[PDB]
Amino acid sequence: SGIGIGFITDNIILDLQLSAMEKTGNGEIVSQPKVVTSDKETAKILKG
Amino acid sequence: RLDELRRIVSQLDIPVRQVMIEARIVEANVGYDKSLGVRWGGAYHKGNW
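For the protein sequence lines, the chains are F and W, in the order given. Residues 530 to 577 in full-length UniProt numbering are what the first sequence spells out, letter by letter. Residues 432 to 480 in full-length UniProt numbering are what the second sequence spells out, letter by letter.
No lab work stands behind these hints: they were computed from the structure. The beta-carbon is built from N, C-alpha and C at its ideal position, and this holds for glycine as well. Check the hints yourself; a few may be wrong.
Within a straight-line C-alpha distance of at most 27 angstroms, the following computed DSS-like cross-link-like pairs (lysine-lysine) qualify [to be verified]:
(1) 552/F / 465/W
(2) 477/W / 552/F
(3) 563/F / 552/F
(4) 563/F / 576/F
Partner residues aside, some chain F positions facing chain W, computed with beta carbon under 10 angstroms [as the list claims (entries may be wrong)]:
(5) 532
(6) 536
(7) 539
(8) 554
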C-alpha cells in the first residue's frame, strides 16, 4: 500500500520507512422472492 | 334403475376438458462493475505507493 522511505548510508545507514494501508468496503445485498400461495396451503420458492 | 343408470351414463360420458398451460420464465441480469487502481511508483528515491 503506502510507504515512505528515508535513507542515509554514507555517514550512517539509517532506513526509516512508514507503511500505511487504509481499506474501506461497503457491500449491500438486497434479495426479494415473492410467492403467490393458496390459503392454508404450503408454497415454496427456491433459487440456488 | 336401467333408465336412471342410463342418465348417469349420459352425465359421465362427458369429454374431459384439456387446457393449454403456458408458464414462462424470465431472467434479467444487469451488471455494471468499475475498478480503478491508481499506482505511483518510484524506486529512485524509494517512494512507491
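Hints, one by one, checked against the model:
{"no.": "1", "hint": "552/F / 465/W", "result": "17 angstroms, holds"}
{"no.": "2", "hint": "477/W / 552/F", "result": "23 angstroms, holds"}
{"no.": "3", "hint": "563/F / 552/F", "result": "36 angstroms, violated"}
{"no.": "4", "hint": "563/F / 576/F", "result": "12 angstroms, holds"}
{"no.": "5", "hint": "532", "result": "6 angstroms, holds"}
{"no.": "6", "hint": "536", "result": "6 angstroms, holds"}
{"no.": "7", "hint": "539", "result": "15 angstroms, violated"}
{"no.": "8", "hint": "554", "result": "13 angstroms, violated"}
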